[PDB]
Amino acid sequence: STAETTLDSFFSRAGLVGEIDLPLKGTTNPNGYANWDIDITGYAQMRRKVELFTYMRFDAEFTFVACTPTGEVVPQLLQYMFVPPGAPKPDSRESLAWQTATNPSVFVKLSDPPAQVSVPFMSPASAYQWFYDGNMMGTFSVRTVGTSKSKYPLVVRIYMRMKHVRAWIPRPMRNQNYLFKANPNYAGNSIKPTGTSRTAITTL
Amino acid sequence: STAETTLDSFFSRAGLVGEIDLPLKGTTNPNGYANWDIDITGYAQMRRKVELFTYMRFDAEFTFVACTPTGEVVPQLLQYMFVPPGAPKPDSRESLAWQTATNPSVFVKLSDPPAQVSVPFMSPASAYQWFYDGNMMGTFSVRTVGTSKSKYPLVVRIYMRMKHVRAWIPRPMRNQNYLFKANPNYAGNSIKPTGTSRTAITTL
Amino acid sequence: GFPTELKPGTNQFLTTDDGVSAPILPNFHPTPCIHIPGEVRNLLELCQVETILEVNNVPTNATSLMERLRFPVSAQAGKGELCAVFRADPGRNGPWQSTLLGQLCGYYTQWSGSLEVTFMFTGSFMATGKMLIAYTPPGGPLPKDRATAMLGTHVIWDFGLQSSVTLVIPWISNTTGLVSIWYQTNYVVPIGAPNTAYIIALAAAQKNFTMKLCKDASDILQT
Amino acid sequence: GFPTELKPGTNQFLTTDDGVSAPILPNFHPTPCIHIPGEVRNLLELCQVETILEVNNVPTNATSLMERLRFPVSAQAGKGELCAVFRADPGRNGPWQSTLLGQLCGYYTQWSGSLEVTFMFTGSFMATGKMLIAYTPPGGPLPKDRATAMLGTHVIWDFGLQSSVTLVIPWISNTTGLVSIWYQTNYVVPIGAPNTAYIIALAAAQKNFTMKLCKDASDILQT
Amino acid sequence: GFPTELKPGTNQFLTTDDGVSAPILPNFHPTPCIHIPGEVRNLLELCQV
Amino acid sequence: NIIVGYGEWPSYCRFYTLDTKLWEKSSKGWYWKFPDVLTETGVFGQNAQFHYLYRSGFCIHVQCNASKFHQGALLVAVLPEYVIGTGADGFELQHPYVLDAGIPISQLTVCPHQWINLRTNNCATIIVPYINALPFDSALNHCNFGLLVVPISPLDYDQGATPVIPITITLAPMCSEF
Amino acid sequence: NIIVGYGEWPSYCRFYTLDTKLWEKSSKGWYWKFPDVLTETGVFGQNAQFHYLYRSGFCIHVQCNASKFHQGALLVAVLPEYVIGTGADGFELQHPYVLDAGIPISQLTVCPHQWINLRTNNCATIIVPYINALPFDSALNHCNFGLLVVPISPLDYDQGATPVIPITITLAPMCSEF
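Line by line, the protein sequences give chains A, A', C, C', C'', B and B'. A prime marks a further copy of an entry chain.
Mapping of the first sequence onto the deposited numbering: residues 74 to 207, 228 to 297, in sequence order.
Mapping of the second sequence onto the deposited numbering: residues 74 to 207, 228 to 297, in sequence order.
Mapping of the third sequence onto the deposited numbering: residues 1 to 174, 190 to 238, in sequence order.
Mapping of the fourth sequence onto the deposited numbering: residues 1 to 174, 190 to 238, in sequence order.
When we follow the deposited numbering, the leftmost residue of the fifth sequence carries the number 1, and every step to the right adds one.
Mapping of the sixth sequence onto the deposited numbering: residues 30 to 42, 62 to 134, 154 to 245, in sequence order.
Mapping of the seventh sequence onto the deposited numbering: residues 30 to 42, 62 to 134, 154 to 245, in sequence order.
Please note that a few of the clues may not be correct.
What the hints assert, rightly or not - With a Cα cut of at most 27 angstroms, we get these calculated DSS-like pairs of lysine-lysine:
#1 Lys122/A' with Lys227/C
#2 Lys256/A with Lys98/A
#3 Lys244/A' with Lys244/A
What the hints assert, rightly or not - Covered, in the sense of this in silico footprint (three residues per stretch, anywhere, with C-beta under 8 angstroms from a C-beta of chain C'), are these stretches of chain A:
#4 114–120
#5 128–141
Bear in mind the hints are in silico, worked out from the structure with no lab data behind them.
Think of the CB as a built atom: it goes at the ideal place given N, C-alpha and C, for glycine as much as any other residue.
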């Protein structure tokens, strides 16, 4: 009963944000680690939905699914360390940031159910704002446990769900194509109508 | 005590509806995906049982069993995405429908207990009707997780159980063989009696 | 830290198991149910409805299929002569396959209760005569003549007095009882009226009928 | 020692599942929330807000894009002549794509309720005239002339008496109704005043509007 | 016979998780605590010096 | 007698006499569709095609007059959503055994029905409420139910008597809404 | 009439008349930024750049005087955190259709807004409370909101009449804190 249009229902599903490749050989990540800055716009449809308002406040829930490029399941161990905002990030496999006790880690196996954690509201202000006339959530670092390189190629996929959603000050929805990230810039030489057109005003 | 003839008892068991083949090589599905429209008549005996009434209303429960053609169990990951009625269906492995957050998915392994989900009553009207003088439930899309083809042949079997059954307006049971789907057409050149015959009315 | 044990029936899928699963679409609101007349909650309600019994299941032609719904009573048949005979077995092959009770009990394995058969005379208003309807319990043979059938459970039916008669069959279960119809008198009719008539038989079940152990058992092909 | 069973939905990840996970940072205290004005908790509040309806979605040039927000009413058009016509379909392609109601109902699958359209006249203070606004229910064709449209749901709008008029559209769901505007009289104006004016249309939803079965469905590219 | 589900965070070790483990030495009695002066329970007490 | 379909009277949310069917010695049966049968007749017919949503009940009387030297029997029944497999004058059944839809006629007594025995009575009345999965529908695109009149026992008589028996159907809308 | 933004009056935790804009037949629209527009004006302007933390509400009056033979319509609206995509005199909109930021003008009525119809009225009043994610901010580095005045219906008149219409904006700080 009008409970599908609430904001909690509007933002209620886990969507794929981000993907990490750890190839056996190549140039994508020569080592066995990667850094992924947390963002909600990894999901393609998220930006236009969130930018309907000016201020937002929510928690997050992350799930990690790992497998071989073909989809196989292999006996491997991973780390999944979380770097809070304002803290240094790893630079190599031998970096000392991988064992700093203030960065929580989740040791898990591939032959296991996907890992799941929760992240609270991490802003100094009272809400995130997508427009500032004048939003760091953290970082996830993924590696393979060991002093030697792994024997398999791996892919990690991250899914995020938002909980306890609140919003303020609605705005008009986006009309033109985006050009940059965190920028309302638009192609000024090609402006398109909001919808379709017809031949005359007197004809259906 | 007369509790085996209720409608809930009459429709109370999980039966095999549908089967999906994902061969290593051949022409059945050249890619690693398939689409199965939800129907209750995949079970051979279901049509004549349901068509005893005119209107029906129920929920559903689906279970997926996956294995190799020989019956072996292998380390593979699958998706099982559900497409609600009124939504576009996948066209390829690289289609963007596989990651739309409004189509729920169930990531699972072959070396796991069979997956199980529930589907509610999805009709705009108040009940399904098998006869209309003048019933879309959804779609299940099955694929193998990965950007490359799998290393094994696979088969997926789907079982469905109906819950909270209600019915109205009983009808005579079907007498002749069916010819089409959602069509009461019959072979008019070969009409058979409802039962067996005997030599004379005075002999047992 | 709660200890567990993981009993030996752990990762198994039993098709007759009943439980609760995870809903795939929460926050979805199904259409509320309006009132529709004619709701059925038990199959015995359908079993207790009279339907036509094809006693005359002799013909098999396509154009003679409607002749199986009645059997004749003519004016050239003498007194004391047998008219028709059938068993009292709803779940077995024969005349009962045309009734809804037989079709519905073909979906189960065991049954027991009482039945009733109704006969309807569709002759002219000026025809008269008498019939004898007899019932023989299980284990007995067919009576050799009308006099033997008279010494037993029977009823005398008069065309002039009544147009319909009923015959309650006592307990049946799971040999079966027999029902036979004899001529008591001849077929009396005035001048100007047809010499032949037909009888329609209707059969149903009583309120103490039950069924058990559902089967599926059917031979109609989907496509 | 507690026995368990491990049902057949055990090690599965359903993206629409709702549960509780392990917090990664206990002992952390988030910033307390101050009061910010303008909190919205349901989308129907946004759906119930009037926005400009582009009835005149004919032009497509970059510099003529602002002409789509109004349609003219001139002094060289005779009486009884059709001015403009549009459908009553918020969720389909057409004029309604410019309103917030259409954009918001493009995120769902089903909808039903009542609407309302408001027309505003922006001519001079000395101009007078009359208009006829008619509504045709679903399944009917467009009226052939003003007289045919008079025999139905309609309103007569007087420029001198009023500057705005409203038209409540009854139930819509999921063919659609039609709205057409006719000339009743001619455009009367004194000497020294412009011969042409424009009308602005605003559309919104009533309090019985609902939406269901969320979709995502969008074609604006991130980068 | 109690059914279970085994949610997707099952066999994972989170270093910031708080729980109860199995004591390795039951029946052992630690030394009772005597009173020692100068107990500090919060760091702001040190910050205010 | 009078029977009420499913034990429900028509509720809220004149007489029309059609032409006469001639029952013969070789007749098979006829059927009519509702509310198609009353769409080109009178004020009801105008309202049916001049509106959008329709909802109504019905009351059907079937009569036949014959002499005391005629014989036969008819079955009158109402079947909602009567889809046919392989106007105001109705159609004729091609294969009455399978009801022209693949279902047996012997089980047609599961629907609201009546019997006409020429030696016993000559009238049959059925009252039909509104049956649908939606509160309102379209009167020009959806047929709610159908009416069947099938001779189970053939008509017979002697030579020199009238060889055709008239069957007249008269119906009256009840609790109609538009 | 007078509208109160989001139904909140300014609270705690003189008149300034700017120059006149000349509305023409080819005008596109103008906008002003707050509190940038009042940073070089008077005691408020001195306090804005001579302090560290600022917090204030506002009350905005927009007026225009024209004859009875002129026509046109304006939309006046307030948009918090108005970032522009591709002083006290304001700027001019280059692409008024996309509000110079990629968003449609047809949905601008979702913000605190008013209409000016030359045939009906000539005044519009908007009251804006303090909107921010923090109790205090900087008056020289953060612009809280922006004010828009866009002609939806073009200005028209006959030859011989005055070809420019004056639009004057007067504003008064409310519940200001420094």
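For each hint, the structure was consulted:
For a cut-off of 27 angstroms, the pair hint linking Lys122/A' to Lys227/C stands: about 17 angstroms separates their Cα positions. For a cut-off of 27 angstroms, the pair hint linking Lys256/A to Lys98/A is broken: about 39 angstroms separates their Cα positions. About 18 angstroms separates the Cα atoms of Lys244/A' and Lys244/A, which keeps this hinted pair within 27 angstroms; it holds. Remark: the segment 114–120 of chain A is confirmed as covered by chain C', as 4 of its residues place a Cβ nearer than 8 angstroms to a Cβ of that chain, reaching the required three.
Only residues whose beta carbon comes within less than 8 angstroms of a beta carbon in chain C' count, and the segment 128–141 of chain A has 5; three or more means the coverage holds.
In the structure shown, a violation is registered for the earlier hint numbered 2 alone.
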